[PDB]
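What you see is the complex with one protein chain gone and the rest in place.
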Amino acid sequence: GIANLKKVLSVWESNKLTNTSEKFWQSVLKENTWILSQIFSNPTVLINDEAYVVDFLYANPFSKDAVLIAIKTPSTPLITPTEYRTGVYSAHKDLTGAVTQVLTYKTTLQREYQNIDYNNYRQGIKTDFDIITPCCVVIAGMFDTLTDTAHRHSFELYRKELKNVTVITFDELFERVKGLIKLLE
Amino acid sequence: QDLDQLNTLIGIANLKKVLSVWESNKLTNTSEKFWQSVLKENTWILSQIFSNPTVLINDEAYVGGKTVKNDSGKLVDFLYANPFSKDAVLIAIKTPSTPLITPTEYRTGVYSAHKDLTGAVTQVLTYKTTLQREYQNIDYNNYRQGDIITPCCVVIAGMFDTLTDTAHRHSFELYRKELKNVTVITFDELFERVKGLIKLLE
Amino acid sequence: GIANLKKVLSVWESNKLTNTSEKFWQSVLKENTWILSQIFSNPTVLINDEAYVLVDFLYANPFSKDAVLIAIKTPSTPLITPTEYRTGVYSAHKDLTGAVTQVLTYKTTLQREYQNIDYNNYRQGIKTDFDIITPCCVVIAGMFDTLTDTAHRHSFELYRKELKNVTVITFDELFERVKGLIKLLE
Amino acid sequence: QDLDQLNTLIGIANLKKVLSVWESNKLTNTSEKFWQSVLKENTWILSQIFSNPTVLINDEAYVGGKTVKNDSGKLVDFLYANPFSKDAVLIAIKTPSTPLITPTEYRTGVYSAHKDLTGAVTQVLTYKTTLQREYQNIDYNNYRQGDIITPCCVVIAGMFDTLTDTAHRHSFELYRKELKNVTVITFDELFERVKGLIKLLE
Amino acid sequence: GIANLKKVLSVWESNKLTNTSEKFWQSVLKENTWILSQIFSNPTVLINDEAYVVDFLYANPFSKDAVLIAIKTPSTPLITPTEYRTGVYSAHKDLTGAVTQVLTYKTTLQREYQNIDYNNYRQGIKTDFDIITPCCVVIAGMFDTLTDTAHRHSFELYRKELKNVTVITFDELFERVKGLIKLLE
Amino acid sequence: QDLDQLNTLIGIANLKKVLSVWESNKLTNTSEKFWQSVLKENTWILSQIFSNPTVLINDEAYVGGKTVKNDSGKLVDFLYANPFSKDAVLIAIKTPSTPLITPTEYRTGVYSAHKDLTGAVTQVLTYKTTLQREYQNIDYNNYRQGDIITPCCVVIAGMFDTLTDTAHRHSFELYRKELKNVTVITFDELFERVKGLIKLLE
Amino acid sequence: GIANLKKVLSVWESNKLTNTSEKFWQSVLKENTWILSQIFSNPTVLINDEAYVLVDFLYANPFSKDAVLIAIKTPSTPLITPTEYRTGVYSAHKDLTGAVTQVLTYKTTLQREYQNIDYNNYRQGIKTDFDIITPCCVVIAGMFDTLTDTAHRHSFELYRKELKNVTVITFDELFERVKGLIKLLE
Partner (left out) sequence: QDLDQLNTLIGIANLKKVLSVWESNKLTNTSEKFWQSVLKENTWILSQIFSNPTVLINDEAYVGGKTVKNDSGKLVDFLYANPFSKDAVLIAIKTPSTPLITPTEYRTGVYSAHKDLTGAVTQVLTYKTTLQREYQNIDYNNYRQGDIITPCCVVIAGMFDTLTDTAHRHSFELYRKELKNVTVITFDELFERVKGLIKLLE
C-alpha cells in the first residue's frame, strides 16, 4: 500500500548523492514500474528487454505507441558549472549527449522494426509496441543543484525548446510519488 | 501507521466508486454536464494523472483535490491571487460518445480527425488565450494603479472502442501526439489509468 | 531572370482561382525546383522520384543528407471548416488534417523501408543522397487570403502554431516568398 | 524589361562580391564583430533566406534590406513603433570557427553538442526574453500614461566541414532539428544558399 | 474414383497434341493436385499462390520442405531437330531455358524467404513451406516424339546428367496415372 | 462401370487394412522381419509410390503387386530373364522404431545422422552392388557359352516423431535429400502417403 | 617455389598423425590459399571472413562470382564407425554426417541472409565479391589411410560417392594433390 510508496521514497532519500551507478537506478525503476508509468498521462505498460533486442520502453496498451526512456544518475550535471556569458549557462554535455543518444536509439528501433517483429514471430514473442511517433524521455540529474536563479532560468530555457525529448529530473520524478502520498492524505 | 492504512482504503473506495459509476453509465449518459460534474468531485485523480496540484475545470479552480472558493467568482482572480498556481491545467470534459475520427477515409490507410475533437481542441486553446488576456488585463490595471500564466490544456473526449482498426489508431496517435501544448486523453484511457492506480494501491 | 519569376507569378495568379487539379500544380512545382527550396533556410536539392520508389516531393540537405518530405495540395484546398463548432471558433477543415496525417504516415513508411530502398538503389546503381534523420514534413494547401474573418485567421493560426513537426504553408505565402525576392531585388 | 535585367545584374554582382569575400576570408578572420559587420551590410540576403522582411541584428533593425534609423537608440522602441514588425527575426552572428559538437564521443556514434553552440543558443533565447520583457514594459508604460513581440531566433555559427564523420552529421541534425523556436544554420550552408540564389538569378 | 481417373486420362488424350496453352495445363493440374502429388515419393501438399507471392509449389507436410515445379506444354520440344553430330542430338533450347528458369526462381524464393514469411505473418497467412533443399521439377514435352534410338539416348543422357532438377515429360506424368489405374485393376 | 466400382472398393479395403495393421502395432512390433512380411503382401502400393512396376524386396521380385514365381530361386536369374524390368526399385524395409539422428547434437542446431540409418543406406548400396555383380557374372558366362541393371535403392527406416525440434527435421532433410541413388522415406511418411491414396480414391 | 611446397608437405606430414586442433589446420590452410584452391578446377579466390559475417572457409569464382563453402575438420576425425552394422558393412561415422549437415545448414543460412550481408558490406564500404548461386560445399576430414580393409574402403567410397552436393575430401587426398603437383613440376 502507501507503505510501499514510503519505502520507495526512503530508498530514493538514501541514494540522493551516494549511488552513481545507472544499473542500480535501472533496477529500482524496474522493480517499481509505476514510478515511470506515472510520468505519462496516458496508460503505459512496460515492454520486456527481450522484445526489442539502461533504456526502458513503455507502450500504450491501446494504440501500441512506445516511448523510449533513458535513465541517467541523479549525479548527472544538468548545466555546465561555468557560464557561457554573464547569466548564461549552457546545458552540460551529458544532457545533450543523452538526448542525442535516445533520439538515435529511437530512430534505430523504428528502422529495424521489421527485423524485430520477425524475430518475435520466429521465437513466439508477441510484439505489442509500434514505433508511431518519435517521442523520447531522458531522466538525469536533480533540479535542486540549480541554486542560482540563473541556473534555473538557463535549464528551463533549454528544456522548453525540445520538441520530442521530455527531460524530467529525478527529484521532479519522485515529486509525483510524494504528491500522490500528499493527495491520499 | 494506521493513518496510512485508513487513507489507502479511503482512496481505493473512492476509485472503486468512480470505476463503478463509469462502467454503470459508460453508454447511457451522453450529457457533458453530467461528466463534468462527475469529474469535479474527483479532482485529485486528475491532479495525480496530469501531475499538477492545480486543476481548472469550467470556471472553478481546484488545488490538490480541494475545491478552492473564490468570492469574486472569477477564475482569473484566483489565478492572480496565488502565484503558486502559475502552471495550472485547463481540462475540457467532453462526452465519451464523441467521434475522434471521421467515419470515412481521407486516403487509403489515413484518416482525418473528426470535427468535434479538433473543435474542442480549438475551443480550449481559445479559452486559454482568453484567460491569458484577462490575467494580462488585471496585471495592466494593477500596474496602472501603482507575467504570463501559460497554463496547460487537456481534452478528454471519446473512447478507443470506435477505433476498431490499426489505421484508425495510427491516425489518432499521429493526430494527438503532434500537438505542442495540448494533451488528448480518452475516457477509456482515463479509467484505465484509474484502474492502474487501483492495482497499484492494492 | 526576373522575367521567369514574373511568368511564374502570372501562372500562379491565373490558375489560383481556376485550376483544381493536383497533377498540374505538382508539374508546376517540379519544373521549378527552386520554388520549394526557398521555404527552408538550409540548402535543399530535389531527389528524383526513382530514388525513393498522393503527390509528394523530397528535398535533402546536400551537406547532412537530411531529407524533408513535402506534400502538395491545390490552392482551392479548404483550410478551416466553413461552419463553426462554437461562437467564434472554427474547426480546421478535415482535408488539411488528413493531409498532415498522410504526410506523417508516408514519412514513417519511408523511414521504415529505408533499408530496402537503399539496397534497391545500390543494386540499380542509383546513388542515394537522402537520409531520414528527423521526421520533418511540409503540407502546402489553400490560400491564406481566403480567411476574411478575424476568427478564421485566429483559428487557423491556433491550428498551424500547434503542430510539432508538420509545417503547413499556404500557396499565397509560398509565392509571396518569390514576390518578396522580386521586391528585394528591385 | 531592361530595368529587370539591370536589377538582376546588380543582385548577381552583390552576391558574387559576398561570395568572393567569404572565400577570401573563410579561414583567416575569426573576429565575430568582423562577420557581424560583413553580414549586416547585406541584410536583404538574410531577409530572403529566412523568408522575413524585418531582420534584427545586435542593436540595429533592418527592414527589407534597408537600415532603419531609430533615433531613440533602442530596438524595442522601433519594434513598438511599427505594428507590422511583430514577426521579426533575431539573428546572432558568431565566428565560423565555432565548434558544433564535442570532439570526443559521448557514446559509440553519439556526439553531444559543443559548449559554444548551446551557449550561444541560450544567449539568444535570453536576448529574446529580455526583448519581450522590454516590449511589455513599454506597453505597460503606455497603458499607464493613457501584445507580445515573440520574434524568431536564428544562430549562424560554425561550418559543416568539421563534421567529417556520418555520426557527427547525424548528431548535429538530431540537435538542431529539435529546437522549437531557434534555427541553427552553418556558415557553409548560408553561402551554399547564396550560391543557389546566384544560380537561380544567373 | 476410377471414373475420375479415366476422365483425367480422357482429358489428357483430348488435348495431348492440339492445345499449346500453358494456362490450360495449369488449370488441369490445379483441379487435380494428385496428378503432381504422385511424382514425389514423400507426401506433398499444394501451397496456395497467395502464400509465396505457371509454377507450382508442393510442400512436405512433415518436414515443411517445398519443391518448385515448372510446367510447359506437351508441344514443347525436347531435343533440337538438327543433329550436332551423327546420332548426337542436342537438348532443345526450351528445356534448358525452363531448367534455368526454375532454378533461378527457386534461388530467388529462398533468398527472399524472410520477407515472404514476414508478409504472411502480417497478413495472417501461415507459411507452411521452408526452403531446405534445392530441388526442382520441369514438366516439358512428350517422350513419344523421340522415335529414333539416338533421340531417346540423347534425351536420357541429358535428363540423367541433371543434378538438382528432375525433367519429366508429360506422357510419363500421365502414364503414371495410367499405371495407377492398371495397378488398381 | 460396376467393375470399376468393385475395384475401387477392393483397393479402398486393402489400403484400409494396411493402415489398420500399421496403426495397430506402429510402436509395439519393432521386428524387421514382421514389417517386411507385412509390406510384401502390399507390393503394388510401393510400386505406385516409387513409380516402378517391379520392386525388389529381399530376394523376391514382384511385378505389379503380383508374387512372381522364379523357380531358380535367385533374384538375379529373374532379372536376367526379363529385360523389361532392368531398372527395378530395390526396397529394404527396416523397423519403424529406428533412430534417425543421434539424440546428442554435433553442434548448435546440427544433428548427425544416426548409425542405424546410415548403416541401412550402406547395406542397400552393398546389396545393389552384389546384384549388379551377379548379373554381370551371369551375362559373362552366357557370352562365354555363346547389361548393367543399375536399380533404384529405397530405405524405409524410422518415423518422424523422433524429430520433434525443427533442427532435427532440417538435419534429417539435409541428410536424406542428399542421396543420389537412395530414397529415404520414413514409415510415417509411407502411411500418410497411403492415407493420401485413400483420400484420392474416395 | 619448390621450397615452399616442400615445406608445406613437411608440415603436413609432421602434424598429420599428432595434431588434433581444428584451428591449427584452419591457420595452415589460411596461410596459403593455393593449397585449398586445388579442389576446384575453376579459378577461386578467398573471401575474407568479415565479408559474410564451426570452422568454415569461403572461396568464390572471380568470373561468375559463385562461392563455395569449405568446411575443415582435423585428420584425426573418424571417417567410419570402428564397429560394423553387418559383416563388412561399416556405417559412416557420425562426425562426417554431422559435418556435412553443418556445412549444408551454414550454406543455406548464408544464402537466406545474403541481402543483409550485401547491404552491410555496401554500407560499411566493403565490396561484396561473392554471389550465392549454387549449393556447392566441401568437407575436409580424416585420412584415407585409416581405411585398411576392403570393406572399410568400399563403404567409405559408397558414402562419399552417394553425396549429391557436398564433396567429402580427406586431408591425405588434398596433400597428395600437392605432392602430385610437385612431381609434375619435376
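Order of writing sets the labels: A, B, C, D, E, F and G. Residues in every chain begin at 1.
The rule is short, and it goes like this: contacts are C-beta pairs under 8 Å (C-beta built on N, C-alpha and C of every residue); 3 or more make two chains touch, one makes a residue touch a chain.
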| item | value |
| --- | --- |
| Residue of E:51, E:137, E:142 or E:165 touching the missing chain in the full complex | E:165 |
| Identified contact with the non-displayed chain, of E:101, E:114 or E:119 | E:101 |
| Listed residues E:3, E:17, E:53 or E:88, member touching the removed chain | E:88 |
| Contact set of subunit G toward the excluded chain (per top definition) | 1-3, 6, 34, 37-39, 41-43, 61-66, 131, 133-134, 136, 177, 180-181, 183-186 |
| Residues from subunit E at the interface with the omitted partner, ascending | 80, 84-85, 87-91, 93-94, 96-101, 103-104, 107, 153-154, 157-158, 160-165 |
| Absent chain, residues of subunit F that touch it | 140, 143-144, 148, 180 |
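We adopt the following convention: only the chains that are shown with their structure count from here on.
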| item | value |
| --- | --- |
| For subunit A paired with subunit E, centre-to-centre distance based on mean C-alpha positions, whole Å | 60 |
| Distance from the mean Cα position of subunit F to that of subunit D, given in whole angstrom | 86 |
| Averaged-CA centre spacing for the pair subunit G and subunit B, given as whole angstrom | 71 |
| Shared interface positions of subunit G, touching two or more other chains | 108, 115, 164-165 |
